[PDB]
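Only one chain comes next, encoded as structure tokens, the form deposited in one PDB entry.
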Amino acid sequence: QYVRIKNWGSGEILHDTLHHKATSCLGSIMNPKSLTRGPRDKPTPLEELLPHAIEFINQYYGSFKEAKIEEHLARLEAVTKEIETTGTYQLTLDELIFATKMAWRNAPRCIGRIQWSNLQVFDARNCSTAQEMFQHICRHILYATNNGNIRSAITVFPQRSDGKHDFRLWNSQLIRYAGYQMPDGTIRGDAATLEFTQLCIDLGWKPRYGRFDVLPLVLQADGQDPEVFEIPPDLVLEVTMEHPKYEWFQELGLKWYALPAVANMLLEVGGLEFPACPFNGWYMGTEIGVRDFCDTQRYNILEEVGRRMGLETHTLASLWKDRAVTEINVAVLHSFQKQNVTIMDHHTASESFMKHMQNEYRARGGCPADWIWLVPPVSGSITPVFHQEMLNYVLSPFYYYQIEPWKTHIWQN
């Protein structure tokens, strides 16, 4: 009938009934095929599209206090008719809005989901060129940033039609720092963007060889070739790292962008696929303080902050790492707060997520959750999420990963 879910912290039990609406032991795999919706060079077969489309129209019209049956039946008919005559179909703006929030709502890996209903939708389905994409993206960045008072938003570009005319942002995130393979063996900047940085150069981009060089938007429109565009510096808002007690922190010359905007995911809804639909929320402290600054495959500033703290950076047992990373986290939080830039610490985030789950189970009996992703990279068992058993499952609408565009792209020049 259902599935019991226990919360070892409060002892509370829950019954998951929502997992029955899923699709189809790979433990900690980052990019599992089950979470990816790749390319296709032929339209969505009508026998597949029509059913998925109806289900979505039923979901949409099925959600409202005062349900209007007429409009529902009518939409069902007009949609089927549209599919018959055109092949694919066009969602109403209202439906799209609903789609994007639901897809987010159904994001197993997102901790910010309590905010799900609070999203801004930019309808760029009329878009047709790279330069027009670049303008919509700029519009996005400017609206989302709001001078530090960050706002969650998403820009939806034209849906995949036949598959050969795909709209795709080649970037992983909208704002992202560059990383270069320095002469003296060392890596400079964000070592994670090394491979993509090279690509930008190959497409003719002037590399400013620095630690915090904002990378260029690499836009692909209507299947065409990717065109490079430098993001207007005035648009990219950054925070300078500063510790509230360690005056030597600023001397580290650190900073990070305030806009966490996922750029390369595909939105699937009612059988339709939107290969380009960048979105953003606001940062959660640990993202910058722990992953960005502390991963060895990133800025790796941990040993650096260690010695300047006086810690025994040569004795693991001294727990100097637990000491440094915490102070780094404090810097991030302090710096965003001082410069009036939205941000939420992980504890607070975890609590709101728990409240979210409770709301989700009451409202629909379930909440697709990925424990491996929801538990913060620090203070694991200190956050309530660690103690909550949770079910992971792909629903619909949903945000899928895509095959890195530079692999499956037939060049023209």
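Positions refer to the first chain, counted from 1. Only residues modelled in both forms are compared. Rigid core (definition): largest C-alpha set, two forms, superposition within 1.5 Å. Compared with the form deposited in another entry:
- The rigid-core alignment places the CA of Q402 less than 2 Å apart between these two forms.
- Annotation for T17: C-alpha shift of 2 angstroms or more between these two forms, rigid core superposed.
- Shifted segments between these two forms, defined as at least 3 consecutive common residues whose CA atoms all move 2 Å or more after rigid-core fitting, occur once only, at 1 to 24.
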Contents of the next structure:
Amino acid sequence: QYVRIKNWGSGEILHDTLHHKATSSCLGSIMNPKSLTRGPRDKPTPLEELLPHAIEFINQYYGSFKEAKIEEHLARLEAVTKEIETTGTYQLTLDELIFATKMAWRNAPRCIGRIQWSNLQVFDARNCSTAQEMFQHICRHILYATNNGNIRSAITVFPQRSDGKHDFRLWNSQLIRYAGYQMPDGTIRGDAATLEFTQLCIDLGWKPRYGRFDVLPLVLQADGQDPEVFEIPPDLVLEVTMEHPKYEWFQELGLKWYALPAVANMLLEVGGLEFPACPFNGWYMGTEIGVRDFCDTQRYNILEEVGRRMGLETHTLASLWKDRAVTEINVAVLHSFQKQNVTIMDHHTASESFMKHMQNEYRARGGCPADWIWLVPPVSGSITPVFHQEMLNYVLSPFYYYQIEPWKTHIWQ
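Please could you give me the other form, the form deposited in another entry, since above is the form deposited in one PDB entry?
What comes next is one chain alone, with no partners or other molecules.
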């Protein structure tokens, strides 16, 4: 047929026809491929595939530690095989889940902080059963993770998937996120990215405080239930007010950002089974906030105002005012986080560390799935070592898959 291609700035969509007349087509540049998503269900994962997946995992698990528990290996193997063939699905040992989350992170080809893969905290919420109960696990998480600026990587694993109609899901893109409202005067306030998701919350009776930085409410769904709106306790949301170390007028911009980068809506797959709810977090890398969040035309879009107050030639592309501005916004972010004693890493050190990660990774297990397109910082790419490193992107297991935005695939009352 054809291939759908989207421009994340315009939202403009294109359909490729020409690719057919191809030679005797890397999807690479595509953002949400079906090859990285793990969709809904109605029937539990059929045995023939669930079984070999599970066994693979357990052989991986028992393969890790020095001096293998040879007997326990077969014992666990046998036990699991029977455990599966009998009830259908199967439960992981706590220790196993730990290993899974760390390995799944180790296998996230679009993450640069993977050198930190072994340093993770797991919150076993597998026995959770209600939204009010989820909310509490989430708060425990945010709080643990925030740690008063000294950010700590953690993940909270909710009950696995059973049949398909009994899914635990966080509807948010990430734990903390600012609201975005299309205003009457034709304009747009706050984070333009979370526009649809914000309207959604408004529909579910959320109180729109109409601001640039209004933390979005938590939308959660347990077992198979309809989503429950939970306003996040403000004392839990640590923020950093943006201010330049030389441009005192920068503070006048009234900028700030949340210290916690916790991905919400992703799915953890392991040994065949999948957990559709498992928010996790690490810490920020300057460019994320400075370049992406602040400068994207699709997001906060500040660049022009920053180049303007900087005295640069805003009307001449060739002047490179954008390169000048953005760099200043980056130092602002790094500076502000640095000052208010909140963890963050610059793209340079981040890259240098990822490079050392790879060396350890190849020397260790033989490879390292990497998505060049993603791993190369959004600014000063070639100044970065990763830009000069060839790399292969490939899905392994366990893994963190994306998933169909819940509000689309859902049975209401």
